[PDB]
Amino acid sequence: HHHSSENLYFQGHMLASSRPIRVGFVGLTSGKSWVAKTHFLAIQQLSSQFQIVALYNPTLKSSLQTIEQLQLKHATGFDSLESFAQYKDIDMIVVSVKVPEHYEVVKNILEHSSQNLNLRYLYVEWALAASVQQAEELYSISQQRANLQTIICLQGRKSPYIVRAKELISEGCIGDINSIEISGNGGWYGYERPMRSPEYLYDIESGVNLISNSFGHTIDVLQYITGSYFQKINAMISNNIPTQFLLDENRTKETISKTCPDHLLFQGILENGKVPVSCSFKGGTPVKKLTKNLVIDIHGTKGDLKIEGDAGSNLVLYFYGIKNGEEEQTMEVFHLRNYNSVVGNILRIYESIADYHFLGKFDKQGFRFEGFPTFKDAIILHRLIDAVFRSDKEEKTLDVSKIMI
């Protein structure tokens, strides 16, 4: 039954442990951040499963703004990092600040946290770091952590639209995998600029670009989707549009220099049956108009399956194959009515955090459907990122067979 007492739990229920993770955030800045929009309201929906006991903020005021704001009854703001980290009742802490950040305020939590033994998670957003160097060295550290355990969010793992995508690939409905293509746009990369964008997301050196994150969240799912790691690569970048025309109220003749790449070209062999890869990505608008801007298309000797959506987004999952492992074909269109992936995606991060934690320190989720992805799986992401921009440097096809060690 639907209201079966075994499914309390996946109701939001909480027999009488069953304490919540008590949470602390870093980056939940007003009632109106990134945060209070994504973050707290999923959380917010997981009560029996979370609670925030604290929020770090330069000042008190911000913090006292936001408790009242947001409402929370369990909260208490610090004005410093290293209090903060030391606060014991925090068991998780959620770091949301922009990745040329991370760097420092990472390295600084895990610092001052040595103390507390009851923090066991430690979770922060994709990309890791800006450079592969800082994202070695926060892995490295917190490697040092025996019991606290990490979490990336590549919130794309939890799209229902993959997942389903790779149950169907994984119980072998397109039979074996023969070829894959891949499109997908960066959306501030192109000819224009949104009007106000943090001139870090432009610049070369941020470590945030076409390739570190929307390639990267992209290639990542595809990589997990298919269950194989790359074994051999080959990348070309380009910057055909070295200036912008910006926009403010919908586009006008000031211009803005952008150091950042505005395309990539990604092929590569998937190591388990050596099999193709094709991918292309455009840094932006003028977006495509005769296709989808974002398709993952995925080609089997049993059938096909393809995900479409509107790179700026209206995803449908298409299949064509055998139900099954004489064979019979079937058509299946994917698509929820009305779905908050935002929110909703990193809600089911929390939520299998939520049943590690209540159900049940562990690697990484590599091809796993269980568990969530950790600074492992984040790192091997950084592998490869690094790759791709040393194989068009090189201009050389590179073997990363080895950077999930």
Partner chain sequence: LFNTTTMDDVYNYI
Second form
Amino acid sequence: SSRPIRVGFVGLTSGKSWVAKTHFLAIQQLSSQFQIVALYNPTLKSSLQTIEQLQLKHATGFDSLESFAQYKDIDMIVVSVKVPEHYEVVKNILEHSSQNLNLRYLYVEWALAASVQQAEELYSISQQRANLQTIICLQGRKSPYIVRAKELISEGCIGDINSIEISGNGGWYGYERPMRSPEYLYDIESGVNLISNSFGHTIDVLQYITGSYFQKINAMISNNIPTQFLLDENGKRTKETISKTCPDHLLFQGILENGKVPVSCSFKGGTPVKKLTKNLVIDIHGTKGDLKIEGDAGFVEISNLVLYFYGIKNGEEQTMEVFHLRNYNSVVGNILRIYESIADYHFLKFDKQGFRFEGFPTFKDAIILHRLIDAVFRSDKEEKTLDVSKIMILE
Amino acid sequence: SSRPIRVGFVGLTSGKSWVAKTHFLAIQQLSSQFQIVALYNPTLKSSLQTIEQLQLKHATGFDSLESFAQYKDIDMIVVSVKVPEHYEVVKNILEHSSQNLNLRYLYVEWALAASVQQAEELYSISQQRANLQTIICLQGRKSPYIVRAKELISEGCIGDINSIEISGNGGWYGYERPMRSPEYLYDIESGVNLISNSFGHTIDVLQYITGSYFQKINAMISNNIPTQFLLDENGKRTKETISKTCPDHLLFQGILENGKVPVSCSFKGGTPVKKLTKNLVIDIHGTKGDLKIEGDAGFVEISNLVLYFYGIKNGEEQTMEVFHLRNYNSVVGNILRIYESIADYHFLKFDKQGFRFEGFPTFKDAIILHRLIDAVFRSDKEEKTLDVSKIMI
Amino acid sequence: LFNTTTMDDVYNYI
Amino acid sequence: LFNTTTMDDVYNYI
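Same protein, the form deposited with its partner chain bound this time rather than the form deposited without its partner chain?
Entire complex below, previous chain first.
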């Protein structure tokens, strides 16, 4: 029982793969509670090696994802692979583990899928396994900076919200894109772009922070950078130039369900970067105070930010407070905090984390965001302000 | 020719009236080019004082507007009185002066009228006066801080624009309202609130600064402060309170005609004020560089701001610039600068100043804003993003 | 040092 | 002093 949770890994590229440089670590620090037991990759040659470089003692490597899906040694499987192969992958996992009955958990990353209905589906599906907990990687939620704001507010430190203002950066939808960057990231049809991911990530944490969902909203999407600069490995740019069909900027406003609190948010696509302002900020106007979060990298999900707040200690005598946590490895720290939420509940099914302070978010959550994101999309397109108050309901 | 422009004055309350404290001084430094020759006010009692206190040598006072509208001694009249009475007034001035022909200029203040329609009309009308130049008071346009931006950009100091970000404050649509403040400011129907005035002022300067008009846009208007706090003369709040109709916050986003450059703008109603940020800010994201204007009072039209810009000196070697003009009296300085624009042209008819650097804005300008403002209003209401690319016509 | 415009002032002149 | 996350970094890890 009090016996590691054995992770099966889909997307373990090698010793220097994304997940290698993030999840892997998340599970060292939890060696006590998690064990990596299986690695799927489509060439055995590659699993074996990853196991080598990393010395995964308990790992055994797979060639088939059916092959995988079956190992009645995996209580929980992680899926961290391109989102366009997110639908493919997952689903099979699902249908090809029905017999496996210690698989109790299936983790996946934001964006759950690459199209709502495509994830809608993966959702509709997830649903049947009486015995399954799903998990979306909205590491946004676990950030000392986020939780902290969230606690500040909740306790009436800043009163009732008034206004909210935002800012972000996609990174690579700038006037500059990097040598190594995946063309797909930029294939319109990818299902990967600013909103979807970056913003999706962002906004959600806000709906998360405030802890109120949206009621109605408006969105507008721009494409004025139709060709970009290529960067040599060092970042020095190069006379060479490339095509984007994923958008360069999006504007969005909406009225928060709770309070009719209004929200302003302008998301830049990349470079050049704002130089007279933080490229990442959340400006919350409270009634007894203010709370601002600021990053130079709009990747809150991954970023170590800083939090300034001001207002009443408790919730007339207002106070200032600066919350920044020097050298905290958000990059990895953050996933780690989601693995604990999981361990917690396990060594200690759920529906969605929602607005709850413990637990972790689910495909329910993955979905609601997803759902809401189509909105954004439909909204710009339709050139109308839509009501996103049923987003949170299903059957 | 060469001798003072004689201003007829409507709304010259006394030696301690708005105008008093603004227009009068714009004319005192241009005593050389402007003389104030007539004061309208309903009771004669009131003009004469004003005069004797201000020592308006050339002033001669009126009881009737028509009385006023006729004095062929006035080349140009300035109407600075409540916007609601804006329509009434002006209209008459127009029909009664037809015979007067020195009347060559009619100055009025943002907002031109109180309802587009109202304004539309006054415009439709202004039009017949082949000899008449109309002047809306969007002092926004004449701020060192705006022109400077304007300059910087035009000369491709920040490249093409990418994004724009904005923040404002109505000041009195806060959780707090001052003893003196006119009830009508807060009476809905007034045609006087955040957008109309404060924001209309603002946004325009940015259409003005960027020098591009809107294409499409979206707006959403809030009313979550339905009863506010009364403040004792000192600002000390008091247990007394009153309802508000005019709205407490308005969100707006739109795509600029030029570039399809996108625009984000959140406008607070008033107090309490943003304490972690400047209550007034323009964030322009250029290609080569950035430009940021910031005030603590969202009254740019009135405000002495500061400008930070950073990018290429000319337009790879970027550079930083801090444009703030210590103790500039924007409050008065800015009407003064319009007066100039007028003498210029005068002592040196026009359609709109539009994007131009010189000149000064007209009812045509007054209008476009106006027209565009309805848009925002119809927008929220209709809960739809409408195209504002005909407004300019 | 910046002498900017404070709303508090604004209120006085207006 | 605040060691915040710089995109430049971000680029490395990613």
